[PDB]
Structures are given as structure tokens and as C-alpha cells.
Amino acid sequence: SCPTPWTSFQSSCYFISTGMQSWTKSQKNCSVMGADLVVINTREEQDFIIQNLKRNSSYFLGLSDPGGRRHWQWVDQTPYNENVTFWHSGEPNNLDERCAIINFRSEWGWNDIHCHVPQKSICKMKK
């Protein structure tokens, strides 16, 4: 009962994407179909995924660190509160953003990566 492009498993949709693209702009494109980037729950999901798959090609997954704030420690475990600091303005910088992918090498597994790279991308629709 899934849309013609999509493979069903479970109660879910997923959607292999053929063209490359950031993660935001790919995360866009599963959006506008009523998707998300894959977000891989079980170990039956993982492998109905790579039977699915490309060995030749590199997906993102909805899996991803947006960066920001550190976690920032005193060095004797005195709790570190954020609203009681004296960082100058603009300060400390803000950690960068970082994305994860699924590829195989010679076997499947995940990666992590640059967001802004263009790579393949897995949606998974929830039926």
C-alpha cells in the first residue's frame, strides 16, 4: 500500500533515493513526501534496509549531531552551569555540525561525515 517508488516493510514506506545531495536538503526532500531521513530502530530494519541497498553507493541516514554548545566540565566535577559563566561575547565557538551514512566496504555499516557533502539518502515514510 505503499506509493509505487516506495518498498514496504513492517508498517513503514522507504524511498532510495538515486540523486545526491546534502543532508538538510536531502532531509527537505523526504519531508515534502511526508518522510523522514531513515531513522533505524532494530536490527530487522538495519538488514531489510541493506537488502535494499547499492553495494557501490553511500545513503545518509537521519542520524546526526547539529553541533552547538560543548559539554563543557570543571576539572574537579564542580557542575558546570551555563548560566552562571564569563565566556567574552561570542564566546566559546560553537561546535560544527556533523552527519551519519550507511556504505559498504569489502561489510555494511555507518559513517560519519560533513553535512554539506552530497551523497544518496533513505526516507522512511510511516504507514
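So that the term is clear: the rigid core is the largest set of C-alpha atoms that superpose within 1.5 Å between two forms. Positions refer to the first chain, counted from 1. What changes on going to the form deposited in another entry:
- When both forms sit on the same rigid core, the CA shifts between the two forms reach 2 angstroms or more only at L95 out of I50, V39, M33, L95.
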The other form holds:
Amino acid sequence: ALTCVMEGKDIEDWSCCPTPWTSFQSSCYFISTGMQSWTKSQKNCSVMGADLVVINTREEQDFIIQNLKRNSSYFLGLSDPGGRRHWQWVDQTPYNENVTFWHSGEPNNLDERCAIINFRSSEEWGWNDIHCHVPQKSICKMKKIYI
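Now the other one: the form deposited in another entry, given that the block above is the form deposited in one PDB entry.
Nothing else is written out below except the one chain.
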């Protein structure tokens, strides 16, 4: 069961998400309020035909927080599996540090090898590295279905 919207004034352009997902541009976003490790959460999206969310742009980043609660922490699809400060996205796109959104003095721990987005007074939203086994919520992202 897809939900379909007319992108722009063009009429044969219908993009679609499965009902619970929400749309922004070319992609669909789902917030998983269950509490699981990073590993499990990405496998959770892997079924759904998705990955953990990847943030390339400030506008994407902005659209995303409109769906989040500030009292919460959500896994990103961004890690450093070997603690070498060599960051990877789960979708195999490049990691451009000139367009990231870490909190001040994050990342701050070679032992913390996943990344969450969360809310800090005044800094607002931003990224922080934490421990994988520590169960958290997650955001998933896939490409929209077209019809």
C-alpha cells in the first residue's frame, strides 16, 4: 500500500512511499521507534529495502528533524567500524567532511564507532558518535517508487 503524491505541477509524475513512510524529494523516510543495536537496526532497514539514513545536504538534514523528538537519539547510517576516523555511509557514498553536522567536539572517541543524531540545548540538532551495542532508535531511507 503506497501513498502517492504529485511532484511539481507535472501530472504523470507520481512518487510513492509505503504509508507509514514520509516523503522528501527523491526519497522516503521511516522512523523506527524500537530500541536496537546499530547492527540490528541496519538489518531492520535491509528487509524494508532500505538503509539507515544518509545525510548529504543541509536541507535533507533539516527535513529529517521535523520528524524527530528532541528527547530522543536516532541512529544514522554512518560508522567507523575500526576506530580509525575513516567514516563510512551504509550506501557507499563518499564522506565529505565539509558537509557534515557533528556537534562541537564530536566525534570524540575512537571506541564510539556509530553515529546518532540528537538534540542539545542551543547547538540544536547534530551528530555524535556512541557505542553500537547500546540500543537506540533509527531512521531509514529509501528511494521513492514511481508510477
